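Okay, here we've got a single chain as structure tokens, the form deposited in one PDB entry, with questions on binding and movement later.
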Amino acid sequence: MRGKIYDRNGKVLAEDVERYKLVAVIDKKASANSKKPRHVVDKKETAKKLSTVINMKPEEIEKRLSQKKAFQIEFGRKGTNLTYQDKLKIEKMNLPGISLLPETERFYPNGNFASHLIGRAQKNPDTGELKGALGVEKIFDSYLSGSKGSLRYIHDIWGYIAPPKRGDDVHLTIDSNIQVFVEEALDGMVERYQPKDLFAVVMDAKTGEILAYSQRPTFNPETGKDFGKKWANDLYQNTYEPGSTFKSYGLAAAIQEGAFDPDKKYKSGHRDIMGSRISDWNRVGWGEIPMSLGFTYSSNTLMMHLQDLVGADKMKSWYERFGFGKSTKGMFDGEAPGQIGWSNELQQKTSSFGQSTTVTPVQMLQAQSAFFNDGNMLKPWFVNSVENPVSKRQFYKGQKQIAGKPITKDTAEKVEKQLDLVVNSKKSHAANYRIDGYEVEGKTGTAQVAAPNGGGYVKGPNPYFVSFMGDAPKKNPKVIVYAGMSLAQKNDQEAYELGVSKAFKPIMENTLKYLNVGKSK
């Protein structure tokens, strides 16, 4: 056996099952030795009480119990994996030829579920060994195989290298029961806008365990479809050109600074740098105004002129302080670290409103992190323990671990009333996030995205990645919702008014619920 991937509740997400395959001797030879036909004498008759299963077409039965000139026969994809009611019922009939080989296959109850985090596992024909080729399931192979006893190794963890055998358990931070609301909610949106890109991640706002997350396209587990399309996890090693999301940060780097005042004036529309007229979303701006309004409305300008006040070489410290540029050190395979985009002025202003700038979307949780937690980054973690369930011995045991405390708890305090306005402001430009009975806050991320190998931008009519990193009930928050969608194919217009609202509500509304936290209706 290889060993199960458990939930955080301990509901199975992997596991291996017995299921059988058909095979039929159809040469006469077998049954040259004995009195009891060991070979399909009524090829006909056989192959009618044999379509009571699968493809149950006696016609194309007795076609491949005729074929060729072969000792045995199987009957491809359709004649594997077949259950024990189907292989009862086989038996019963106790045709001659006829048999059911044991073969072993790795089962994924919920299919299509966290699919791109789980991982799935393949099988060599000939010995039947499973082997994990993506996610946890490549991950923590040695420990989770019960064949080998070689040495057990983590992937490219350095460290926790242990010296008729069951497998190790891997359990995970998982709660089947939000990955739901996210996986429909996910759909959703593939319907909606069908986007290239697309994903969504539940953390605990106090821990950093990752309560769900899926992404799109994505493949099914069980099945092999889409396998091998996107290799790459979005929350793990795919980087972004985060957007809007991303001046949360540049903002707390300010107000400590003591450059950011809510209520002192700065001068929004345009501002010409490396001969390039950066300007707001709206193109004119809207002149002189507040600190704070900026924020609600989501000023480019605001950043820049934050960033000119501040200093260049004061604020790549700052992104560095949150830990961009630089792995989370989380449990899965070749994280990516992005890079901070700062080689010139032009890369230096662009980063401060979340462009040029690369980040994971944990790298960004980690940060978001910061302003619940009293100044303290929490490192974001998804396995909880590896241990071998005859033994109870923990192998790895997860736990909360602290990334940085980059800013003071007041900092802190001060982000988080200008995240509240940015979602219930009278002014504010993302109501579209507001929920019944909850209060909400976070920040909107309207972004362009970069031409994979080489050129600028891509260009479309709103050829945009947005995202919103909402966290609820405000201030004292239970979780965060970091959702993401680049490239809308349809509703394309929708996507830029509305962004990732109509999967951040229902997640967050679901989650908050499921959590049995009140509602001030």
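Residue numbers count along the first chain shown, from 1. If you superpose the two forms and keep the largest set of C-alpha atoms that fall within 1.5 Å, you have the rigid core. Compared with the form deposited in another entry:
Just a single entry of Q493, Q489, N476, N33 exceeds or equals a 2 Å CA shift between the two forms, which is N33 (rigid core superposed).
A displacement of less than 2 angstroms separates the C-alpha positions of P463 between the two forms, with the rigid core held in common.
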The other form holds:
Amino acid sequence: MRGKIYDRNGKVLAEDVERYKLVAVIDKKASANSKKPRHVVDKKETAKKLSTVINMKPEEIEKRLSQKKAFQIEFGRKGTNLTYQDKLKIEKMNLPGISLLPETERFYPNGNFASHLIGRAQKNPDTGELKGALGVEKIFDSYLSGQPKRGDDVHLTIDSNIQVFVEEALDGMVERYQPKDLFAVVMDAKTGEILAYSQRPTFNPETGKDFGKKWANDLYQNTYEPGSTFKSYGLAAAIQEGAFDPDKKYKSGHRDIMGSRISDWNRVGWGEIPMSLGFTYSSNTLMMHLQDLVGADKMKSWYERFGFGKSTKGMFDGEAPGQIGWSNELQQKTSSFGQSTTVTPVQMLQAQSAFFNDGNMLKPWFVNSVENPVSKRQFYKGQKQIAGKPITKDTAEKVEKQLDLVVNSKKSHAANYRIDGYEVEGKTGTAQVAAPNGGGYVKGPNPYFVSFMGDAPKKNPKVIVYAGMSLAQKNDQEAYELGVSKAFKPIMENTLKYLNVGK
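To test you: the structure above is the form deposited in one PDB entry. What is the structure of the form deposited in another entry?
Lone chain follows.
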């Protein structure tokens, strides 16, 4: 009996269950008595009396009850997975030929729910043996797999209440923007526990609908050009190095890099503005400037020290390292605002954690334990671990003040992320998406990966929410303008209420 998969609070995300399959013996070959038949005689009337319990298709049933030289028949999917009452109901009616075989099915109480984390187990029909095909099911299969030995349970950090907030919000963003890719992740700011994680498009582990359309888990196995969320790590390196003074002025506008003209987003700039306002506006010239002040060799190192270009070493299979793009000054200067370099969303959460743990990066984790439920032996137990301390408490407190302004500055271009009654901070991102098949960047009206790396309450946050949407195929203009504010706001507002945060 395959092990359970539980959430933070012992609520069930996957379990084995006893269901029943319907079998009808149609062929008259059980004729040792016409008075005591063991096959289906009146087809019309046998068909009608189980319509009362099954899908109620008396014609489709009577149709299927008519085949060629087959003793037994099944009724595909609507005649598998039937309750223990559905058995006793059909057994009371004493129909001849009709029996119900027991079947052990894998059952996901919440259906489409953390589907790409939890994964799916598939049944060998010959043995009823279940094998994990993706996610926790696949990773921890040997632990979950079971004279009759009962398999070990896997406990996640996922909180079913928060996971719901995330599932509703991403459901809305698909109706509004129908994007090619989309994800949101809630993490405990102070522990690095994944409290909630979802992505679209995804599958239903229960029904199996859409399974194997996308193998890739967004949090761990998919890489992105992060965009301007990645500026927080460059700003931290610059604050530590001395390059960044919020009140010093810099020449905004553009820079000429290996002959190409990389410019601020409004193209003109704002002339000489303070570096604080530079960041608040998301000036690429500020970041290319700070890179010149600090040094190309010193900045590759600073990115490496924030955990980039190498795997977080988490519990997920085939975790992507990504890569720091640093082969020519065009790659380095574009890396400063999160193009060329590829990240995993989990790398970004590891990095971002440093601003709230006095400079200590938290290794993010979702598996809480693997225990036998009889013996109570923990074969594995996860905990808060430090992944690096790339910056000082001071650097961190100052990166925080900039993230506060990005949202709450009177000249903010990101007030769409404010939440009535809770103070929020973070950094926005709009980024070009590499074309799957070489061909530089995806073309179109606004062919962007919009993203936000927020946290609340500000300075001493309970949670970090990192949502990202890639290539909205509808309201693509509103996508560019609002990014992921329509997912961030509800996810964050409901998660703070549920953790009883004041206001």
